[PDB]
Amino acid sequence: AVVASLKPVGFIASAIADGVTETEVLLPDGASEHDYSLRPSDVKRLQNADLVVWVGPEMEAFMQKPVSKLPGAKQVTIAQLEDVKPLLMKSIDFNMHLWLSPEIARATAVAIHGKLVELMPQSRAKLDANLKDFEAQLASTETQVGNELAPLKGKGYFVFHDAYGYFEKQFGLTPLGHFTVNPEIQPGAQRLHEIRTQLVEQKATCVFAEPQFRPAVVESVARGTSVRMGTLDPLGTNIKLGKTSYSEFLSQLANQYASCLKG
């Protein structure tokens, strides 16, 4: 099996490995990439994996130590791939939400493919086909997502999690910035004043919460203002692993944006 750190990383892995081997994801649905510790049993899961795919030490802090017990030959460490490094964005220290970049997703898929071919040369033909099928899917999706978000150019929005920079830049979306907010408690008066001022001064169209946010949080932020409330899921909790899962994840995100922004 290929073991991926986070679910969308698993979506990319499962496209290349479909019909050759299994793909498992380490981070459970609902968990945060920034606040997690691996299970006691994951140690054996990593040792048995054919391949471990992760972003890198600036993203999955929960994997630094366990990954040092693995040869670099077993790893696809996306942030440190030669073709990924020139693609890294700041951030105004790079933004490490790489699985949201169709071009880094392609570089990731090439790396996975290269390595599975070495380990399973008998499955070369299937692996080659899976890479070709992944490219075809992703290019159709890029076209669809591009068409979807183009009429939304110029509509400014804020988000509560700075995870979307690679996606936004490729598809011409107008983010205004992000806010650092507690997902669990209602914002107090100060934080509400600072946010709502920006919402009004910058004439925001939307604020986007995330699934792990209890509804009353964003509702409190939006109260009074004419700003609409949306939801984005950067980890595609909703979507099941499989051949078409990465393309599905990107389309769902574009729909989430459009569902609030169209208007």
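Residue numbers count along the first chain shown, from 1. The term rigid core refers to the most C-alpha atoms you can superpose between the two forms while keeping them within 1.5 Å. First, how it differs from the form deposited in another entry.
- Note: rigid core superposed between the two forms; among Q186, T174, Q80, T141, the CA shift is 2 Å or more only at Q186.
- Once you line up the core between the two forms, the Cα of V217 ends up 2 Å or more from where it was.
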Second form
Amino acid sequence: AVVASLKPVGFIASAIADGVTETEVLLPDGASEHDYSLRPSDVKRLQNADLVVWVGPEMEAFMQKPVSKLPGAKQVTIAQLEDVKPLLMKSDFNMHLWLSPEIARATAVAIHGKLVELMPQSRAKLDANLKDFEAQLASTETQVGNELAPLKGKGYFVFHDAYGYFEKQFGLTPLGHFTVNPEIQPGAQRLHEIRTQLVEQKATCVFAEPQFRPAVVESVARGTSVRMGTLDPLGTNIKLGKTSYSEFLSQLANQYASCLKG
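Take the protein just shown as the form deposited in one PDB entry and give its structure as the form deposited in another entry.
There are no partners or other molecules in what follows, just the one chain.
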């Protein structure tokens, strides 16, 4: 199998590996990229992988050691790809790379190249999968761009700073985030200051995330006219599959729009 660290990385892998080999995801549904320790069975899946795909040591540090044990031919370290380095955006760089369509393309290309070498019998299928992935992703970018266009200029806060690549591509205008690392409590001072900004800068939304209890986000919204939504940067409800990555970007767009639209 192809073993991906995070579900949306699994979505990209599953576009390319469809009808070639299975895709497995290490980080379980409901867990955060910022808070994991590999279970004994996760370590086994990784050791037995045909190919491992992950962002890199500045993101999923919990897996740097076992990944380093694998042959180079059996890993894709997205953040270290020559195609990806020029696309990295400064936060020290933002490592939430799976929300960048262009980085997703570079990732798909790298997965394709690795699997063509490992599984030469599947060359035609891999080629067709990559072609299909790119066609679908282009369609999705057009659709998501259109959906988000009327929402540009509307202010909002996100729970943690995960969305920068996606927001930059589609022209969304967040005012800020409650947290950088969602494992760190923002503190009461920060919270009343966020409310002040939401009110003074006439923000539309605040967003919770399914991986974290929303009480803190709800507490800031209270007293104000700000609407509450939810963004899921890990696409928890979406199943792996050929069109899963496009489904994920479309779902994220819908989550923004559900709250931000008037």
